[PDB]
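So this first bit is one chain, no partners, the form solved without the named molecule, shown in structure tokens.
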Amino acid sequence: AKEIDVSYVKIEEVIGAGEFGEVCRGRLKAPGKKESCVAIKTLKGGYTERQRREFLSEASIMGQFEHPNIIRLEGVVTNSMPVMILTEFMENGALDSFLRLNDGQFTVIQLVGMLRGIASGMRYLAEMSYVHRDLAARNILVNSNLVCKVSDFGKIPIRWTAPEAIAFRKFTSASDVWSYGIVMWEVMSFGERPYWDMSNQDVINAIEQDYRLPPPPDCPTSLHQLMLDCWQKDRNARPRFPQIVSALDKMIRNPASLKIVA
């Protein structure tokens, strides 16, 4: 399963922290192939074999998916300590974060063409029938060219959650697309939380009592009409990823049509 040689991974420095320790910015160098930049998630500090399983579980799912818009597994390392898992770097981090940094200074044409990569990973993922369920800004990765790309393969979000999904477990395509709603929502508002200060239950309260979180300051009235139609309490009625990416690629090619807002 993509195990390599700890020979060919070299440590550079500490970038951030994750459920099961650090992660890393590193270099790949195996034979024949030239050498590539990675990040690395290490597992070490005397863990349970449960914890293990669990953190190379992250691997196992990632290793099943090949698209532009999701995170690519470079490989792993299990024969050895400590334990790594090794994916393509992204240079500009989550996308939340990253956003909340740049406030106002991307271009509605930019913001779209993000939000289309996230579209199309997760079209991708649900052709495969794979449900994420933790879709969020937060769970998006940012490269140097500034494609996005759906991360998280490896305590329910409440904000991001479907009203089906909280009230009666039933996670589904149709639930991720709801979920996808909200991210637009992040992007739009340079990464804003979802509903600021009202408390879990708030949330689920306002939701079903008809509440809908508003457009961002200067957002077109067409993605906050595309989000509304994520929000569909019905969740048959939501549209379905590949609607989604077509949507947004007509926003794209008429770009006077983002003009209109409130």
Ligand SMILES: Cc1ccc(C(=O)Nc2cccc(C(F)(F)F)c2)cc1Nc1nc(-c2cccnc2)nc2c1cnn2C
Contents of the next structure:
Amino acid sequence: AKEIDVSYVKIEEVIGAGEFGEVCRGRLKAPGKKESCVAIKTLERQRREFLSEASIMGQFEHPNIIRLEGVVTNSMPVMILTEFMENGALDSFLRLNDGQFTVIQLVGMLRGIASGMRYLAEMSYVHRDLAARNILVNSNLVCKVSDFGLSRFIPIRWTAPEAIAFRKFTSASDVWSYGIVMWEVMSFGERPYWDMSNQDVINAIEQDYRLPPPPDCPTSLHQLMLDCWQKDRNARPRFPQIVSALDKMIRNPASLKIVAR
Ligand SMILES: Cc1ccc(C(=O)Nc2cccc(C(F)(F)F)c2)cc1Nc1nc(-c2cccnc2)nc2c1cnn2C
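Right, and the form deposited with the named molecule bound of this protein, after the form solved without the named molecule?
Let us now look at the entire complex, which starts with that chain.
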């Protein structure tokens, strides 16, 4: 929770809205450091809920987790600052780039997301809302796991079946969500389960249906999705094994040439 002096922070265009107010694009100019772009949540009662998020974010330091720049608490407005990700959310970025990235590039995106989740899981942090809309993409296509919560610029179709029903959220339920993210990525941002209703999705999953391989998806990647969607949560791979599986694919790209009929 590094405190930032406001004279370094200049607020520009509004990019969306949050639970506690606006979210804006901005610039950060600190002594001795270059000027960079930042995204800023602004904020009123004495509720410390707004800043409690910053206390959570400050624990995280990883190349695939959104990086908190700092906070302003001795000023108005009160603000949470992170690095600014030029390509925005992954789902809309991929829809804008439909069919325009190679399989190897998509796998590299997924490997980054998996590494970020591996870190969170190692930290005993359960995300609970992992979805492509919660991943930000930088100019080099590095994907960073984020959590926008209640935001704008209830999601059961990313949630493991045991978390929907029993409200049992674990890293293994995040693994389920990660498999959905894999499908979103290999589908260039198609909505999981198309236009099915939330109830239809729950019923389909309970009947053991699983999203099919996206067009051109390597069979080995869809199998990895199916592994993440095992009903028995203890049978799903853990994030370390997921990273290792993707790394094996990057080393052996001939394995990614096998697609289904
Ligand atoms: C400004 C901000 C504030 C919070 C978070 C965030 O991800 N917090 C969070 C909380 C709990 C757990 C985790 C996790 F575990 F996932 F790491 C993260 C990210 C951003 N940064 C941005 N927010 C928005 C944004 C936009 C609209 C509504 N809400 C947020 N747009 C952005 C950025 C950076 N670049 N861009 C384009």
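In this text, rigid core is short for the largest set of C-alphas that superpose within 1.5 Å between two forms. Positions refer to the first chain, counted from 1.
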Relative to the superposed rigid core, does the CA atom of residue 36 travel 2 Å or more between these two forms?
yes
So, does residue 11 move by 2 Å or more at the CA between these two forms, with the core held fixed?
yes
Establish whether a shift of 2 Å or more occurs at the C-alpha of residue 21 between these two forms, with the two forms superposed on the rigid core.
yes
